[PDB]
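Read the single chain below, which is given as structure tokens and is the form solved without this ligand.
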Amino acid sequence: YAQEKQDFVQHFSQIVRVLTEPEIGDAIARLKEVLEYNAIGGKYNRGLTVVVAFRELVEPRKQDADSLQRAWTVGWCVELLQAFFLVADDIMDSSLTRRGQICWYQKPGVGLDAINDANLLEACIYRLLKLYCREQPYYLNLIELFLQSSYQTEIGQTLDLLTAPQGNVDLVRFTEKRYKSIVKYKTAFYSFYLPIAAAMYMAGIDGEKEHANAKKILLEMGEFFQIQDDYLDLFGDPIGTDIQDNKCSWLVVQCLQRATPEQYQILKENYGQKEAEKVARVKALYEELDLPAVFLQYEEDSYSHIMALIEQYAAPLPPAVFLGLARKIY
């Protein structure tokens, strides 16, 4: 999809144009700057998912120019939701950089003003829905989908913040039931359920049971995507900081299920600190418990399980919708 990703991206100037059309001129200027700095520069996978899935779902003799345009406007709505989250998350986490660039809030002259910038980005989603989809039968379903996605993601954030407060290592918090809960709400619902559900709605597939079937496949994919993401944070080939941030990682979760009382202390003494040698130490405790090996077995079991879910729950959607995602994430 390098092709499909250049076409989706090229549609961005038109989204910006339509959103940034007297004395509020200067505010609309600042909105343009917020959009440009923060909705561009990622890999665009969530929004492209909308477009690809829409094409695979719709009767080919219903894809006219205006349909296709709605599909990429909705893909862009997914990207705007992402941008809202990241901008706000980066403030909350005190991050320095995003997508290799200075975080928006770290720019001179922006600072905490970025909280309202982030709100504007969210508000843009509903402005585009109304401009392009208000007369469509699925309008209200998409508004409700984006609202619900936002809520789930926010709840997930809350849970994450309570579980892993920076500067307070408390490993009793990092249970597997907690980890899974974080991932489902903070990440899997918006990343995986949102984009395909949207495409579904747009294709006229509005039934509760179908949505639920697809959700079942898609939240399981999101679980694997994040677990993988956690693994690679520490063992991928590029550097990552989950351990120097007291994160509720799949790794520390696994480590904690397999530690003796002695190891549990090595972790209690070394998790969630800045010094390289003590982060060095946890990575070495991880390799001692054969965590990469546990990951590899997990990834195999996970992949068979997803194929089973696709076999039981894809119908009557084309399996290819779910297979394409599996192929990208695995």
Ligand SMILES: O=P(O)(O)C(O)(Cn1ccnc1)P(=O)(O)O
The other form holds:
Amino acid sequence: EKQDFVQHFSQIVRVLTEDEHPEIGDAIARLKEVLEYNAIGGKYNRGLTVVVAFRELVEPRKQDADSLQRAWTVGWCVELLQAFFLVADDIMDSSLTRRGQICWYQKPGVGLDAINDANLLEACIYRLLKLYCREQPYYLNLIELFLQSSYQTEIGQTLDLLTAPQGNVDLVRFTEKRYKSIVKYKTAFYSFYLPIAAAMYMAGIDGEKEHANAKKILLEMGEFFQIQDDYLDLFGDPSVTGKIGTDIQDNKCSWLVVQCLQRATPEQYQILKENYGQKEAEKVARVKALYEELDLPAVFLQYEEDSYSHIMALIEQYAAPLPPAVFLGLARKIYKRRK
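Since the structure above is the form solved without this ligand, I would like to see how the form solved in complex with this ligand looks, so please show that one next.
So it's only the chain below, everything else dropped.
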């Protein structure tokens, strides 16, 4: 599956490049370079979800070459939405590596020009949708869906950054209630809801109950995925995950610190206060010792088992009339992941 999906990328590149106006040639070469560094190297769960789900929702005799091509292309549109966000995210989080190579903005010669690079990747979504789905009854649905997903994710990031000021203590806002909102908005909508929802619209499924039902399962699945992400920031292998963690030094409202705070003694509270949110490596080292000392890896492994069971109960409840396989495929893909 992955190999077929991933191999469509050069057609994606070729169409967006074929826009040679030989005056903008140099900016089009620059965009090619940006697509290849930034869109390649991840898992492709989002883009493959668009494709798998489409096949599962459309009768095979209606899966002609042109409509499967549209499915691949909308999958790559979710991959570009992702790239757009990660490139910007890496800048704002002072990150070092992404997908096992240095973050694009750290490339000598690139710098904060990557800000325009990220906006350019976002624009490619709508060019792709124009070029392949313009004459489709779902065209506007997809456009409004991508735009709403972008907005939601920018709201969430806004709350991610607010709650994590450089230079200021902020343990008072690290609550479960707060964590849930941030992750709903910054991750769950675009990573889980958007890809399945894209495929539904392409299969002709636009009912509000049907979309709201898919949303019940998929938002929960997004919360879970971000929680895993927060655990891997501190406790994952950067050669495996492809990325160096920064949450503690960026003062972030990570699942870990939330859980630390509800378990911590007043003296433990103080350790976190003196040590969290700062670049000093020995202060980070202390926070991690507090985490390991409170058995948060075990706390997480139990949360991961329970959350998973609740997700499977939501599928039993809300999957119909869609095949459970649609959601089971994704769930089983992200469960117990170390990457």
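Residue numbers count along the first chain shown, from 1. Whichever C-alpha set is largest while still superposing within 1.5 Å between the two forms counts as the rigid core.
Relative to the superposed rigid core, the position of the CA of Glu269 differs between the two forms by 2 Å or more. Core-superposed comparison between the two forms: CA of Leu232 displaced by 2 Å or more. After fitting the larger rigid piece on its C-alpha atoms, the remaining smaller piece is found rotated by 12 degrees between the two forms.
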